[PDB]
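The complex appears here without one of its protein chains, the remainder shown in place.
We just call them A and B in the order they show up, numbering each chain from 1.
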Amino acid sequence: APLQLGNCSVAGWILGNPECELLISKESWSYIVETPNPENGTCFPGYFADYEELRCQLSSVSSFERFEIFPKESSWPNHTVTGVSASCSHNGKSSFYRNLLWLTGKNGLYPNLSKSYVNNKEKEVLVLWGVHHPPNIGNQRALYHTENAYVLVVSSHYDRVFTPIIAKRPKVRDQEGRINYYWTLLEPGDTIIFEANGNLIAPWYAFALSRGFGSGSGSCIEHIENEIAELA
Amino acid sequence: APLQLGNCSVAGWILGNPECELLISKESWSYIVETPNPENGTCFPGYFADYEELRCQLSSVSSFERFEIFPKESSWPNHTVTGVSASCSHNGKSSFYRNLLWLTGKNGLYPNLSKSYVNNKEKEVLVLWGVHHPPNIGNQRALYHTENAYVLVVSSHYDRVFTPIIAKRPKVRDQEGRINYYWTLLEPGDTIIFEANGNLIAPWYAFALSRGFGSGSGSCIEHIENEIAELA
Partner (left out) sequence: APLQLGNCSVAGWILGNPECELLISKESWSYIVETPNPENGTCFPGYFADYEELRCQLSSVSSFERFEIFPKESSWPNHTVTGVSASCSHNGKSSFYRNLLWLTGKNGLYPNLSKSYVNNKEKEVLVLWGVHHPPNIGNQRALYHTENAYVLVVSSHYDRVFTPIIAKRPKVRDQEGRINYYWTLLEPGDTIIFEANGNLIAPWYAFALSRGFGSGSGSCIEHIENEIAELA
């Protein structure tokens, strides 16, 4: 039972690109069907880290659930949660991915961010977030009132620090700057911790994946050895 | 002739996890047998770099030898070589991997470390080392008497610098901090150089691998093309 998907890419589907009306009551799947030359992927162009592995850790999924992880109403009273960009306009209305929140400062200097989530779903949780990369220091200051910020993400098995690189690139969809996307799988019983002083796009929704026994570690090269074994 | 292994992972076996009584007169093997859901892997939880490739560069091995590379008695007269952690307790006794030495300072400021080894085994040598990542600056100071240190590893074909990131993670096996593992293959005739001013877990033992003709470059994706060729 292959999952049916339109003119969108997996990145668009998982990030929550408004242009993709994929919000349907679909649970498990054996395959993902994707247009070989998709258009509706990332609203704000940029690099999607480990994109190949995310089409291998979701190549076969059992029970699949979308749930809210960090509600905008209560999670960030001291920050702006309306980082809307006309980069894309569903119904001609500027909007952002429906699973992410682009946070900015207000009144004074961007207040420090310290939040965490504990996985009590009894399933592995896929958490997605981004890092903002301004085209200019003046724009970085406009959003965060600083010229120097970092994003740190910590879990039991994954730990990385992200540094924003300010530089102007060729315009893509009229964007001079760029957003990079990162993700990790949070094991049951663990905690994901986010710490930042600016240039953070926070997770809003997260996905719980049963996975089942359709794969091994899920990583690619582990979805081939099994395919070869099946032929042999 | 598959290699028999208990409830341990390859990481545990190669690092020297005391809980794994795998110290047997075993040389060559055609396969590695590993429990699909292993428990006895890394004593001090953390990230193991390039773990998939180390189960592909050792997927098929001819002559295999464990030898001492940097003896604790003579290699570090100016450092502590007893970085024991109760993280694990063989016979209920706190101990560390039997192939690695966690070095710390003594008396004064952690003395600078400059050591090297020349490969004269006529075989490729697998060298493993780690980098310490404190949960707090106070703990970094307790061990090294500094708040700023780096680890540099240089060879003919591999050259990387490691920077420790101090941050507290969720406790794993009661550990607030974390150790990352790195490795490289040193070609015959080359030299591996270690330079550091703190936060280093030095290699103690190293492995000489004949490898033979059971693989190509050894890298994965090079252990599949050959498998497909065999089917075809």
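As a convention for this text, a residue touches a chain if its C-beta (ideal position, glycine included) is under 8 Å from a C-beta of that chain, and two chains touch if they have at least 3 such contacts.
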Full-complex contact with the absent chain, from B:4, B:78 or B:191: B:191
Which residue of A:6, A:45 or A:111 touches the chain not shown here: A:45
Residues of chain A in contact with the chain not shown: 36, 45, 47, 52, 133, 165, 167-170, 172, 178, 220-221, 224, 227-228, 231
Chain B, residues in touch with the chain not shown (by the definition above): 152, 154-159, 161, 190-191, 193, 195, 216, 219, 221, 224-225, 228, 231-232
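Note that in this section only the chains that are shown with their structure count from here on.
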Separation of mean Cα positions, chain B and chain A [Å, integer]: 33
